[PDB]
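Chain residues, written in single-letter form:
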Amino acid sequence: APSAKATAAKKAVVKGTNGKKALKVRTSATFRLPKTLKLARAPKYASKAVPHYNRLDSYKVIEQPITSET
Amino acid sequence: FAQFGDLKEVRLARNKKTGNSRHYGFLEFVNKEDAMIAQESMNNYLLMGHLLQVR
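Line by line, the protein sequences give chains A and B.
Basically the UniProt record's numbering = 1-based index in the first sequence + 1.
Basically the UniProt record's numbering = 1-based index in the second sequence + 110.
Same shape as in the complex, but just chain A:
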C-alpha cells in the first residue's frame, strides 16, 4: 500500500504540522531598498548654542551716500 494517510501522520508527529509556506508574489526583476524610518536630529547640545546675529542689517549694508556732481 502507499499508506498515504499514515505517512502524512508520520510527517505530522515528526515535524509537528508546521509544514506549509506563505509564498509571496515577487514580480520585479530588481529588488530595492525598503523605505524605512529616517529621523531628524535631537542634539543634546547645540552646534554653537548662540545664534549669530543679523549679519546684514541695513545700517551695515548702506555704507555711504555718494556726494558727487553726476
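There could be a bad hint or two in this list.
Unchecked claim - Straight-line distance between alpha carbons at most 30 Å, and here's what the computed DSS-like set of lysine-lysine pairs gives:
| hint | chain 1 | residue 1 | chain 2 | residue 2 |
| --- | --- | --- | --- | --- |
| 1 | B | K126 | A | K16 |
| 2 | B | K142 | A | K12 |
| 3 | A | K16 | B | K118 |
| 4 | B | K142 | A | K11 |
Derived from the structure by calculation, the hints contain no laboratory data.
Using the hints provided, position chain B relative to the given structure of chain A.
Leaving out everything else, chain B in the frame of chain A:
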C-alpha cells in the same frame, strides 16, 4: 490510531478482577507497512511520565 488506519482490531490488557489496565495491548490496522511505520514512529515515544514501547 484511526489517524494511521481503519483498524482491523484492537485489544487491551486489563486485569479481570476489578478490571483496570495491566498496561499493554495489541493491534492490526490493516497492513504490515502500517504497523511498521507506527512502530518506527512511536517506538520510544514519551508522554506523561511513562513511555510506550511498541514492537
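Does the alpha-carbon distance linking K142 of chain B and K12 of chain A stay inside the 30 Å limit?
It holds: about 19 Å lies between the C-alpha atoms, which stays within 30 Å.
Is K142 of chain B close enough to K11 of chain A, meaning Cα to Cα at most 30 Å?
15 Å, holds
Check whether the Cα positions of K16 of chain A and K118 of chain B lie no farther apart than 30 Å.
27 Å, holds
Given pair status - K16 of chain A, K126 of chain B, alpha carbons within 30 Å:
40 Å, violated
Checked against the numbered hints given earlier, this structure breaks only hint 1.
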